[PDB]
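Novice: Chain residues, written in single-letter form:
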Amino acid sequence: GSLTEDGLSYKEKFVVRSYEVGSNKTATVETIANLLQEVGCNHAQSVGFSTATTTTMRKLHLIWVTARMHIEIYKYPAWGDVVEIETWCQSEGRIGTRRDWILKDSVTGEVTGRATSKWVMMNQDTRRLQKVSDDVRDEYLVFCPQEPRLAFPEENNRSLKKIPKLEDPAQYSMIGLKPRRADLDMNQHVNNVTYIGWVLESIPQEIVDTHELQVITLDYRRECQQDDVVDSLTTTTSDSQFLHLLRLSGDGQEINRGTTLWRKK
Amino acid sequence: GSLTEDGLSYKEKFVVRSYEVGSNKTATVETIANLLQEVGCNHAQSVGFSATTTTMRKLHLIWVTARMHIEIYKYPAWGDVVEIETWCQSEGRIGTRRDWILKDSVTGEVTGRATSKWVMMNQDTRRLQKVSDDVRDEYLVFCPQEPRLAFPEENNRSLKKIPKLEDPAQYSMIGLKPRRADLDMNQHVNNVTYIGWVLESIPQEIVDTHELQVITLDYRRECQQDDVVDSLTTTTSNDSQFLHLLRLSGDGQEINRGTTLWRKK
Ligand SMILES: NC(=O)c1cccc2[nH]ccc12
Ligand SMILES: NC(=O)c1cccc2[nH]ccc12
Numbered sequence: 075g076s077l078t079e080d081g082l083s084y085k086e087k088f089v090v091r092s093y094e095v096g097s098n099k100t101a102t103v104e105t106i107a108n109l110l111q112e113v114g115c116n117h118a119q120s121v122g123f124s125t129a130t131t132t133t134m135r136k137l138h139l140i141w142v143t144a145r146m147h148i149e150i151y152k153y154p155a156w157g158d159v160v161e162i163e164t165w166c167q168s169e170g171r172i173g174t175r176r177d178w179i180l181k182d183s184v185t186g187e188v189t190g191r192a193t194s195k196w197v198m199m200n201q202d203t204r205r206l207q208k209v210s211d212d213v214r215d216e217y218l219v220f221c222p223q224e225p226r227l228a229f230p231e232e233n234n235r236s237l238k239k240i241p242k243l244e245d246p247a248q249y250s251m252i253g254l255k256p257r258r259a260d261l262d263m264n265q266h267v268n269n270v271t272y273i274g275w276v277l278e279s280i281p282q283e284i285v286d287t288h289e290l291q292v293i294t295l296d297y298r299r300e301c302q303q304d305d306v307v308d309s310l311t312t313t314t315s333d334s335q336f337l338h339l340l341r342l343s344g345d346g347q348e349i350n351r352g353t354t355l356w357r358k359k
Numbered sequence: 075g076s077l078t079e080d081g082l083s084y085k086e087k088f089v090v091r092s093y094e095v096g097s098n099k100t101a102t103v104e105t106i107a108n109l110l111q112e113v114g115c116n117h118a119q120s121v122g123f124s129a130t131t132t133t134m135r136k137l138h139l140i141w142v143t144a145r146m147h148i149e150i151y152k153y154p155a156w157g158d159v160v161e162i163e164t165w166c167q168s169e170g171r172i173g174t175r176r177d178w179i180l181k182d183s184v185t186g187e188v189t190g191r192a193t194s195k196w197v198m199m200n201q202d203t204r205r206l207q208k209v210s211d212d213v214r215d216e217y218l219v220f221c222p223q224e225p226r227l228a229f230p231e232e233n234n235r236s237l238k239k240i241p242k243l244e245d246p247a248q249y250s251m252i253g254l255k256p257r258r259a260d261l262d263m264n265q266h267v268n269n270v271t272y273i274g275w276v277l278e279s280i281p282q283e284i285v286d287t288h289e290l291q292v293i294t295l296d297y298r299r300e301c302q303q304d305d306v307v308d309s310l311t312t313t314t315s332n333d334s335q336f337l338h339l340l341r342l343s344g345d346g347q348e349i350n351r352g353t354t355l356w357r358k359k
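Heads up: the sequence lines are chains B and A, in that order. According to the authors' numbering, the first sequence holds residues 75 to 125, 129 to 315, 333 to 359 in order. According to the authors' numbering, the second sequence holds residues 75 to 124, 129 to 315, 332 to 359 in order.
If we strip away everything but chain B, and leave its shape as in the complex, we get:
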């Protein structure tokens, strides 16, 4: 992969692996989300970030936390196909940063998907959110385009829609979900993609067999720790549309909420 000519975005190509595809022999949405995070890490590495915080974030013990992921897929890449992903970052005042991605077919150059993510700043020890510092923002404004470049430019698009809280009784549920070592990142935290897989565990088999996942929006509220247990709840709100809630198995503390949209095959 490499930074583009103007140094303000990054591109990388991936060959879809055999173990990265589902029953329809095209890449799963968890494989897509892993590729989004991988090209995001290579972008930060290419501009000098920690091997992904700045000089001042490191001394203040500040980190980036994902607040929201929104993915829209038109065509999932087949096993053996090459998918090219371009990513870039943009600041959003003191509220946080945004990282967008565009997925393309390498042969046709056609856009097969797009994604947007909202990141917030948090003290790694206290887990307290704190907006963005005056001279912390100055350290990374040089690696972001100055004019707005949005993957979802539409006014009032699906990526910014507020998600309600699912009320019991849920229509479908998958309970007692627990992470294993494969689910941890290099910092021993549960990987953000694991939450996507957990949301989708409560989608009935019949839906997965007759429909294709087109849109997923996931809010991140609290992390599931290595010794926590998760319940995945899903209710139909309708194409097929669903409301989702991940909560810790005991007290019922919310960790995530989201919606999915599905097209009939």
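Calculated directly from the structure, the hints in this document are not laboratory data. It is possible that some hints are incorrect.
Derived DMTMM-like pairs (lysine to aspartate or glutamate); straight-line CA-CA distance at most 25 Å [to be verified]:
id	chain 1	residue 1	chain 2	residue 2
1	B	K87	A	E149
2	A	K99	B	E86
3	A	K255	B	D304
4	A	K85	B	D158
5	A	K87	B	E283
6	B	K255	A	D262
7	B	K358	A	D262
8	B	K181	A	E112
9	B	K359	A	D260
Some residues of chain B that are not near chain A, with every Cβ distance over 12 Å (derived) [as the list claims (entries may be wrong)]:
id	residue
10	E94
11	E224
12	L254
Cβ atoms here follow ideal geometry from the backbone N, Cα and C, with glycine treated the same way.
Take the given structure of chain B and dock chain A with the ligands to it, following the hints.
Specialist: Same frame as chain B, now just chain A with the ligands:
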């Protein structure tokens, strides 16, 4: 990737991804095992398979893994390129064997080696059978005629018989269940998932002070999508050695047994 000059083996290079590494910022053994299966799949694709022969598909016959043995000297770091060469060899009517050699792309030094034993099974009845003459003759043209073993040693660890763990186990991880991410494109649990499940019962203290050097896993029965697994581990020993048993919750039907060897960091 590509077949080598003589067409009797296959080589492929992989850049280690950010989400593929553990706390030591080097690739996990599950990432290694996924790469072994990926280069295995590209080798079969390059020789005309899709991965059974013309007679196997007609007779509803498939390849099933009976044993995996991996030995790692140095795990590839995040961002490093690892080159893997793989080949197959027939072992008479018992079945076939696929071996792999892992190398550092920059230094050319061997950083690991693996061997696997495969058997033939009727996909519907789940009944094992010896390889027939007409099925064997179909793939003998893609295997070297002289023996080429990743583990040539007089009495190497790859062929050692593994005993059955007796209760009470020293360590256990109970109620392990697969999710959709764990399934392959045929809706069967991925062979690498069993490795992760064996390692769930290794105490945290071991993982922090030791490095996994050797893993041998026998495969006996599959865990189905609605099955629940218990992972049991007992110390059998500078080095640390363990005996492992995976069994279904309830009746306690064995699905796997194995051993691991660990060196102090
Ligand atoms: N990945 C990051 O930490 C990041 C944050 C803000 C702007 C950026 N531009 C390239 C990478 C990056
Ligand atoms: N992977 C396979 O299906 C296979 C089986 C037997 C011999 C082989 N030689 C290359 C690939 C291969």
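Novice: All hints are to be evaluated individually against the structure, with a verdict given for each.
Specialist: Hints and how they fare:
1. A threshold of 25 Å between alpha carbons decides the hint, and for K87 of chain B with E149 of chain A the separation of about 31 Å lies outside it, so the pair is violated.
2. With a C-alpha separation of about 21 Å, the suggested pair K99 of chain A and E86 of chain B falls inside the 25 Å cut-off, and the hint holds.
3. With a C-alpha separation of about 15 Å, the suggested pair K255 of chain A and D304 of chain B falls inside the 25 Å cut-off, and the hint holds.
4. The hinted pair formed by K85 of chain A and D158 of chain B meets the criterion: a straight-line CA distance of about 19 Å does not exceed 25 Å.
5. With a C-alpha separation of about 39 Å, the suggested pairing of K87 of chain A with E283 of chain B is violated against the 25 Å cut-off.
6. For the hint pairing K255 of chain B with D262 of chain A, the CA-to-CA distance comes to about 20 Å; that is within 25 Å, so the pair holds.
7. Restraint check for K358 of chain B and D262 of chain A: the C-alpha separation of about 23 Å stays at or below 25 Å, so the hint holds.
8. For the hint linking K181 of chain B to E112 of chain A, the alpha-carbon distance of about 23 Å falls within 25 Å, and the restraint holds.
9. Using a Cα cut-off of 25 Å, the hinted pair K359 of chain B and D260 of chain A holds, with the two alpha carbons roughly 23 Å apart.
10. For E94 of chain B, the requirement that its beta carbon stay farther than 12 Å from each beta carbon of chain A is not met, with the minimum near 9 Å.
11. At roughly 29 Å, the least C-beta separation between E224 of chain B and chain A is larger than 12 Å, which holds for a residue marked as non-interface.
12. The Cβ of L254 of chain B sits about 7 Å from the closest Cβ of chain A, inside the 12 Å cut-off, so the non-interface label is violated.
In this structure, the hints that do not hold are numbers 1, 5, 10 and 12, in rising order.
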